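Please arrange chains B, C, D and E on chain A, whose structure you already have, making use of the hints.
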Amino acid sequence: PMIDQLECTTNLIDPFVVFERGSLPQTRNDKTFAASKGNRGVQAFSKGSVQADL
Amino acid sequence: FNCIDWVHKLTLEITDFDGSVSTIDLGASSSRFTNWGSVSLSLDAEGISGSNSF
Amino acid sequence: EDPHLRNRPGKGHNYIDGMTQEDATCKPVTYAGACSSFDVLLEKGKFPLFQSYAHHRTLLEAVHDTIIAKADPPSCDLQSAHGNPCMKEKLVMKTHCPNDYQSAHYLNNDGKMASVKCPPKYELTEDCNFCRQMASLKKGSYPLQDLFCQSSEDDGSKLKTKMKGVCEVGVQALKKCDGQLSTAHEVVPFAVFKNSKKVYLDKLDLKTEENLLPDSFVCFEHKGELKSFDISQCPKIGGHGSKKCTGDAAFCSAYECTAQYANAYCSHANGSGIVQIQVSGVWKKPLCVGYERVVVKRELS
Amino acid sequence: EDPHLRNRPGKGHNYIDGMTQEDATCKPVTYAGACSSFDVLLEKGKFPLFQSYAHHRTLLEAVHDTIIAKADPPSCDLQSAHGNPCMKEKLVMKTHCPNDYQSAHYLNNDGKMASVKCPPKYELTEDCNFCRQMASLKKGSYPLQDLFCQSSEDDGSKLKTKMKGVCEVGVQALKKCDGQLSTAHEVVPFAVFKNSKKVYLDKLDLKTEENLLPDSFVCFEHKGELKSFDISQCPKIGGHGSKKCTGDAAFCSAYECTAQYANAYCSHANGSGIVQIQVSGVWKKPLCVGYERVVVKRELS
Amino acid sequence: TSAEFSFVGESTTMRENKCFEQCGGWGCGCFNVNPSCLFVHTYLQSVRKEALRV
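Residue numbers (this note's numbering), protein chains in the order written: chain A, 3 to 56; chain B, 3 to 56; chain C, 133 to 433; chain D, 133 to 433; chain E, -14 to 39.
Isolated chain A, as found in the complex:
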C-alpha cells in the first residue's frame, strides 16, 4: 500500500517452464516413458517380450 497506489505482485510458478523443461519422451533407467496411442493417460514403453495368457 502506498496511500493511494496499490502495487500487488505474486511470485506464481509458471507450469509451462517445467512442462517444456522435461517433456516426454524421456529416458528413465532402462525404460522409455512416452505418450499413449489410444486412451488418455501416461504410458510406458518396455524392451522385453510378451508373456501373457488370454
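I should point out that these hints are in silico values taken from the structure, not numbers from a laboratory. Check before you lean on any hint, since a few could be wrong.
Sample of chain C residues lacking proximity to chain D, with all beta carbon distances greater than 12 Å (derived) [said to hold, decoys possible]:
#1 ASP197
#2 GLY379
#3 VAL414
#4 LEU432
Derived BS3-like pairs (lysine-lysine); straight-line CA-CA distance at most 30 Å [claimed, not checked]:
#5 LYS359/C / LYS375/C
#6 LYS39/A / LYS339/C
#7 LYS339/D / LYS329/D
#8 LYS270/D / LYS359/C
#9 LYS335/C / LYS11/B
#10 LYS359/C / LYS429/D
#11 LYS11/B / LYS49/A
#12 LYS296/D / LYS143/D
#13 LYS429/C / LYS202/C
#14 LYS375/C / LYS270/D
#15 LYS176/D / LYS355/C
#16 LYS429/D / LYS376/C
#17 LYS296/D / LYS307/D
#18 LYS244/D / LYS226/D
#19 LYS271/D / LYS292/D
#20 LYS143/D / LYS244/D
#21 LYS416/C / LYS39/A
#22 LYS244/D / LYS220/D
#23 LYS355/D / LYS335/D
#24 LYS368/C / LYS339/D
#25 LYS11/B / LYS39/A
#26 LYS359/C / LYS271/D
Far from chain A by the CB rule (all over 10 Å, computed), these chain D residues [said to hold, decoys possible]:
#27 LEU181
#28 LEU313
#29 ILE369
We treat Cβ as the ideally placed atom computed from N, Cα and C, and that holds for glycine.
Leaving out everything else, chains B, C, D and E in the frame of chain A:
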C-alpha cells in the same frame, strides 16, 4: 497427476466371425463386454514398481 | 427432470380409434383438464423415464404426427368371440393397471399401434389382462409402457436384438426352445429404429443435445400468466415468415432476431431436440425408446 | 453526519426531451413528489454504487449541465418504420425493465445520450427491446446503468479501450481477430472522458478527496433524524446572505455560523468529494463511471 | 423363533435358530425365482446318564 501402480495394458482388437472389428484393451486381470462373450487377461508381464516419488 | 410437464409441443393429441370419448380434454393437452391418457404418465414413482424427457412427443402423439403407423387392427377387442389377435402379446406382459379403465395401449412387434378395448361398460382388473363387468370409468387408455417418441431419420434395420441365451424376450421370439425354459420376471429396455422392429437392449445410454429445428425453441408473448406462442411463425435468416421473433444468443444464433419489431420474447429449451442412444458402440438416434416391465424367458440347457 | 440520498447537487433536474411530462415532480428533485426516474436509483440491493456516492450527479443531470453530449435523435421510437438507429448499440446491452415504465435511456458507445420509448399505448418488456400491452404508464425514463457523474473538463482523447482478450465489445471494433468470436455477456466497468468515446476498462481505482466544496455538507432544518434543508441559502464566511445556518467545526470552518440566530443545524456529509479514476496507471479526471452488463466478444480459436 | 417351529415349544433347552439362503425357481422345487428359506432349529440334548464335577 501421479502414478501408484503401473498396470500392464495390452491394446487388443477383436474381429468377430461375421466381419465386425472391435478394438478394446486388457489390463492386469480386467474383463470387457463384446457381442459374443467376454475377454480377460490371466497373466500380466513385468511391472514397474516404485512410482510414488514421481 | 423437465419443467414442461403438461405443455405439449405441436398437436398434442392423445386419443386412439374406438376410445374417442375424451377429446374435450385430451385434444389438445394443456395445463387444464383431466386427460386419463396423460395424468398417469406424470405420477411420481411410476414412470420416471417419461419425467426425465418430457419435451418430446409420446406414442399416440407420434401416431397423429405421421411418425408411427398403425397395426391391424389398431384397437383389438378384448371380449370378442372366437378369440382375438391381441391376447398373446398381452399375457406375456406383467404390468399393473388401476381400476375403472377400459383400454390399455402398448407397442407391438412391428412397431405399429396395437391396443385393446373393453366394450361398454366393462373395466379392467389388477393385471388388466381381461375385461370384467362393472367410481367413474375413465374414457381413455392406459400406457402399458414407459416410452417416448420423437422424429429421427437414422436407419437401423440390421441392428436386430442380439440378446444371447434368451428364448423369447418381451414379445418377440428369437427361436423355438424345445428343451428347458427359464421363466423369470426381469426388466429389459427396448428401442425402435427406422424400418426395424422392437429391438431390445441391456443398458440405456441417453444423450441430450440441440439442433436448429423449431422443436428445440419455445416462445411466449407479453400481455396483461404464461401464454405460449407458435414456433413455426419465426422467420429464418434471409427468408420469410409471419410474426417477428427475438431472444438471447441461443435463439439469435439460429433464427433472425429483429428486436425492435418483435412481438414475443423467445427462449431456449432446457435440453431437447436430438436424443441419441449408444448401440453397437456408435451413437444413433432412435424413434420410440423406453423401459417397460415384461417377462423374459431365458435359456437353461 | 450521514448524507441524504435525495439531495441532488446543482440543478437537480431528471428529465429528457420527449418524455418531460414528469417535470412537475422531477424539476427539481426533492422530498415532495415521486420522481419516476429516481425512485429505482435508491433501491437497496440494486444500485450499490449510486447509494455509495450520494452527493454526486447522474447522467441526466450531466446532460442538463452541459457535460455529456446528446444524441440525434435523443429519443428514438421503437415502433417506427425505416428501422431504428437506437437499437444497434442497445441490443448488446443486457438490461432488465420491470413494469409500468414506458421509456428507458442508456449510455451509448459514442459518448452521447440516447433513449428509447414506446408510443401510446405500449410499455417496455423484460428484455427492454420491443413493446407490449398491459397498469399506469410512468411518463419518464427508467435508468439502465449504475453510473455517477460530476463536473470536469479534462481532455482524454489519447486513451481508448485496451482490454486483454477482447476482440469487439459493444459496437466498437477494437483489435482485428481473424479467428472466431465468443459472444457472451459478462460484467465490466467503464469510464467516459471528454472529447472521446465510451472507454471500457477491466479494472479501476477510485480515489476520494475531501475539500471545502459547497456540495460536501448536509443540513438539518429546524425551528428558530430531522428533514433536509437547502444548503445554497446558507451564508458564506466573512459575509451574509439569505437565511442563516450553523453547524460543527467542519461547517463553521468554511461558512459563517450564527449559533442561536440560525435556522438549520448543518454538518459534514460523509459521502462526496471529487472522485478520480486511475486509467493506464495515470490518475485522470473522469466524467461518468458506470458498471453495467454488456456483451463482450472474447477469443475462442 | 422361526415360523415353522413356533408350534414345538419354548422349553429350557440350549437351542439355536439358523437360516441359510438356498436356490429357487422350478429347478430346485419352487414357483418363484426368488431364493428360498431354510429354517434350521438345532437343539442340544444329553448323552450320558452321569456327569462329572471338574
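(request) Hints the structure violates: just list their numbers, smallest first. (result) Those not satisfied are hints 2, 10, 12, 19, 23, 24.
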